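This document starts with one chain, in the form deposited without the partner chain, laid out as structure tokens.
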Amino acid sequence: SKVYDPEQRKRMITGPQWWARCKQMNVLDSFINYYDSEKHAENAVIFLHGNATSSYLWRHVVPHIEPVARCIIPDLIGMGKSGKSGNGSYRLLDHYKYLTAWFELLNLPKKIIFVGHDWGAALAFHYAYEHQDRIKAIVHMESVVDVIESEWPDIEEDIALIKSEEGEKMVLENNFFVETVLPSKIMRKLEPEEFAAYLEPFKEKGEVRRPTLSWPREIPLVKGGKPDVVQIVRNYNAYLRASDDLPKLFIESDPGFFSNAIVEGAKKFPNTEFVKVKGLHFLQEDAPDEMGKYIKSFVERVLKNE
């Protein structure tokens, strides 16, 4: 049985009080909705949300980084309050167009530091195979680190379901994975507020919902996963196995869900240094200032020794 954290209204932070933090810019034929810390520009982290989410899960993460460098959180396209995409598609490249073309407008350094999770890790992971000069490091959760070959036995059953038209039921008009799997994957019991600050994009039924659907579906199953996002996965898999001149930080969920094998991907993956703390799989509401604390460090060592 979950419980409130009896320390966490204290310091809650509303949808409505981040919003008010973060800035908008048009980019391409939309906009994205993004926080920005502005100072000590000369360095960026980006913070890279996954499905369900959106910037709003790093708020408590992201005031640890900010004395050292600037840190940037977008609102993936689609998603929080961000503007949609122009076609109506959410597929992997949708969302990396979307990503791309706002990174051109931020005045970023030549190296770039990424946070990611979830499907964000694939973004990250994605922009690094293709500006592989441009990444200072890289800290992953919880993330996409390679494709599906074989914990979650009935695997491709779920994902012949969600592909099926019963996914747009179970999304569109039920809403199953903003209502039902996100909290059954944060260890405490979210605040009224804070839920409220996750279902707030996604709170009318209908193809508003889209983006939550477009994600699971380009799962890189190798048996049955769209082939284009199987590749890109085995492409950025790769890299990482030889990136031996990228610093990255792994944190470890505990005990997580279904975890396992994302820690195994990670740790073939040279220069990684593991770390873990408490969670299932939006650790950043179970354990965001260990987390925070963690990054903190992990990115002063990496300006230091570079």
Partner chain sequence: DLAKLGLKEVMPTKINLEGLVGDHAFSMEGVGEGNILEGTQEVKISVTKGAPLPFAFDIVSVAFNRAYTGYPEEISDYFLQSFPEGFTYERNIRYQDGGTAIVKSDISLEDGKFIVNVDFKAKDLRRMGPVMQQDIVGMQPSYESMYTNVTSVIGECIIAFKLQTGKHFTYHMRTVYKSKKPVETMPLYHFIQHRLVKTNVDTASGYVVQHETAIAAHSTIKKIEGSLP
The other form holds:
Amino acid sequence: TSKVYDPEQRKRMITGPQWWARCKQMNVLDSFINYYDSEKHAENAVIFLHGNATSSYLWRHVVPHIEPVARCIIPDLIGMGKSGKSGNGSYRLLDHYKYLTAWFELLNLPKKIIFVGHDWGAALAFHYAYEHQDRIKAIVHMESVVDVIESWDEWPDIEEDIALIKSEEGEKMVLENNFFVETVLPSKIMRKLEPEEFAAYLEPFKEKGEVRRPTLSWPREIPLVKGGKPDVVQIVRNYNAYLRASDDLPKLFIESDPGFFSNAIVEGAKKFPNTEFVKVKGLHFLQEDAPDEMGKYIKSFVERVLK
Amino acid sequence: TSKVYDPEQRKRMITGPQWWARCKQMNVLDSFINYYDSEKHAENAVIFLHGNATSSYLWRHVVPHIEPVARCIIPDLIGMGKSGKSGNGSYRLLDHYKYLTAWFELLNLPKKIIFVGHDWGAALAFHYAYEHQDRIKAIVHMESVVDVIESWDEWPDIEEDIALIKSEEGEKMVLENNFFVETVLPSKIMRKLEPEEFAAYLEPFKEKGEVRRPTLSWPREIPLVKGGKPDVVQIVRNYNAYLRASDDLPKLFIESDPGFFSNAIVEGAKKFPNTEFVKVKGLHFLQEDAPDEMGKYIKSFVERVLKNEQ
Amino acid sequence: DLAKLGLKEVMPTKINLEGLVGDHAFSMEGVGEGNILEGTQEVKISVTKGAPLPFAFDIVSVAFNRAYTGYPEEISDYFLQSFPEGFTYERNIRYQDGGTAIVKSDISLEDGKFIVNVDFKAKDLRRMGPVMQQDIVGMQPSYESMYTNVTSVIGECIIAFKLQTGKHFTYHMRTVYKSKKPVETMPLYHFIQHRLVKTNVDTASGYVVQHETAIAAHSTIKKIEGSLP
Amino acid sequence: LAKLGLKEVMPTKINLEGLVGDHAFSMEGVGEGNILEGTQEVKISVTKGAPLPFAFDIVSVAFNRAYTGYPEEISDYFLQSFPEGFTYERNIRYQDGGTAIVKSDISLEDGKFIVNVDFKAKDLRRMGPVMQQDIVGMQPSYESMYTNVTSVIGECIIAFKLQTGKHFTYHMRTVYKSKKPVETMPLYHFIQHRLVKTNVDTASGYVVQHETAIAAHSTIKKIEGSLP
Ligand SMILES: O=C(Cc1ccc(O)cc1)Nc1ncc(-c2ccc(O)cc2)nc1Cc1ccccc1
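Form deposited without the partner chain already given; the form solved in complex with the partner chain follows:
Now the full complex is given, and it begins with the chain already shown.
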């Protein structure tokens, strides 16, 4: 698809090496986790969780708006970014959840943490929210994993493609052809990424083979009531039943306009109480189209939940 | 255009010779006029006037509804139908009018006459009523020339066509190719005419040459205030003003639906006082599509006109 | 192989149409035959109920079968694959006037001929329009874009009624054809060139005879090697 | 024939001012084309409003019927309209209800086709392939072309190919009006178009599109004595 550059972005472009030089690493279980830490204002910890095909690089321009308020930590999920690989080589939802909570344990986090989850990164930010319900102060989600899927009514034309990924064909799509990196990522961004910031995303999966396994295992965890993984379906069912009862939990829903999943999940997200709704430009990876808008929005949101 | 027959028309079809064997001829000036005469009920006179490309045949199915209430007379205009030809070979509106008045004088008509005009046949009546305002009781008009043509807005796409007719090419269109009878006559009729019904219209103009000159000269008299004949323009203006000032004259407008000219002329017809409006289905030749309903409308309208003796 | 599909090179057909144009209800019938290997067909139509018609006839010319379509080897034939069961279609027509039409048809195959059953509805036609004025001489040739959508095939075209004045009156026709059975191979994006003419009008017969030629093909302009789509 | 002040190969400069929903933008185009063979290639830039929150391909048909290969049997209403050029008004209805209005003027000065375009889109569906940017490009098309008094009416169905392999169509109706009185008006024919995008490698932020348009009649022989 044809896209054009943002004329005022190469001047403030943050390259991959420039971002990783500001990121730390730390051994977690039988591996390590590369992550970015602002450190300052450690009394409140906000955690930015990326989804599929991305890394901490997704929140490079969103985070400068919230750091002077709270300590913002952004990890690369296991097997993705500059972090290490998982021990067994499996990259399912719980395979990320275990490493992520073990890495949480090594961070000196306050009692109630604040999460910023996007795509599958929201599901984790929700699953933890279901297990450690006393350890959350706020939740900010966008293009998330809200509830299960049962219809495909107002969803993007991703059916059949989902069935293609779930079959052996997807192995050639993602492992050998890098589907979610060479096709899905630049397609669902309204602007044309500069070559450096696109190489920053291609770097973890520039090689063919099993290293691209997470980007293939992430969509295979989709919570389809018909055909989906029963364990993940039950997990999301449980934490959606919990989130619909989170009356005191202040939440923030960022809707990407026009977006990719926003139209299909904004009605299911309205069933979550104490939710403040904002909307702004972008497709799926709305952090690449309107990063400053989102930064100001969530900075104000966290300032007012701290009250 | 394709079109298809009315399944109940051939049972009551009146061919050309059958209709002509009921008409009469009568010397008028240096020629004669063929006309159908009801004769009976001469206390009132309902004169039906056809327009271009047609004859008295046009009213063959409309007239039986009005005959029991008044003497109905329907003539073929000069050079048209089975009537005689013109002396000078000229077929402008005024020649038709002269022959028509000379034939009027020979019928022993009452003082006030009732007119039913279609196309140019209305204008003729519209002309007569203007010059003989003492001799009019009621006027029925359909697809009429109610007024001049000041714009081509609600009119059908007949511009350029009339320009081709008036610009020399009309001779090859009408005298050579028989435009109004072979093309325009069946096109402006919803149903498909029986072969005999179409032969009855083709008979007076079955030959090429000057015999089709009426059908060529009728459209050339079009009252275009810019590009039309000024004499017909003045005639139309005069009788339109007169009809607009005629409150004592009961009129009946029969709007063709969707029609051909009715959409553009029904406004000017509405600006005529004492006009009762009815609507029947059909195009231009509405008589060949809704003859019985038209006859019932005309007969009840004449009935209510004659009922005036309080 | 047409023998297995219950067909042959030349196939007959009998079409029955129930129409509702405005407030006028009518019923028409057509009988004909045509070549399914060369995309030719000829049908003579007559009115069985509601004669005469207050509208232009040519609006029902598209309701009187994609089986009569000349498909080459490099383009799969969805409609001939639809048989022996046949196929249905839903057609939406918008004239360049605001008036609309809905055409729901079901082409079946019985004994050895196509049994078509069409329902035609029309509304919001203009009084001065060439349909109510009957200014239409015939149908000009057209190009129907045909592509695939899951199990159905979608065609779209602009049909131009030629008028007696030499001008033209267009209408956008969007048809969705659905085979009754799963059907094996779906066709790529292509075109079907149509030419629907009226043959016998110098023969006052009461019939209205129409011959349609429909040939399927791709674009004749060569695609650039560096060209994206 | 340079009596109209032309050449077989002509350069063109197009300036488009567009508004899609609430996004205002300006685009430029520099191109070259053969008007006798009917081919054209234009490099397109976005001089204002970048990036675009919509699919780009909706502006491809707004970026000159002078680049049409008219045979000797068909009157070229477009080449006759020069040296003054010609204007056109274009109404587009997308298959989901979205609408577009394209008003363009084509002039000639030094010997170049100077095109000025105004583009206005509205009522696009957020899940449509234009907002979702699911469009790969344009498929070939056939445009009906016929005379209406002094204007020329073109009408076609343009089909965008989607990333999933499906297609998304829109109905386009253009009224072309010459600036000078044209000698001979055409009858009724079709212009076959193929608009494609070349040089798809990333490189700089510009879109190079090549369109081939060839006018012709129907390839099906009309049965003699048939109507129309
Ligand atoms: O010229 C006239 C006279 C006229 C009639 C009514 C009116 O309000 C003003 C003037 N009429 C005319 N003027 C033009 C045309 C006409 C010309 C060409 C064409 O293709 C279709 C109709 N027809 C006709 C009448 C007609 C004749 C035969 C069949 C149908 C209608």
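Numbering follows the first chain given and starts at 1. Heads up, when I say rigid core I mean the largest set of C-alphas that superpose within 1.5 Å between the two forms.
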Exercise for the section: Overlay on the rigid core first, then point out the one of 191, 166, 207, 158 whose CA is displaced 2 Å or more between these two forms. Expected result: 158
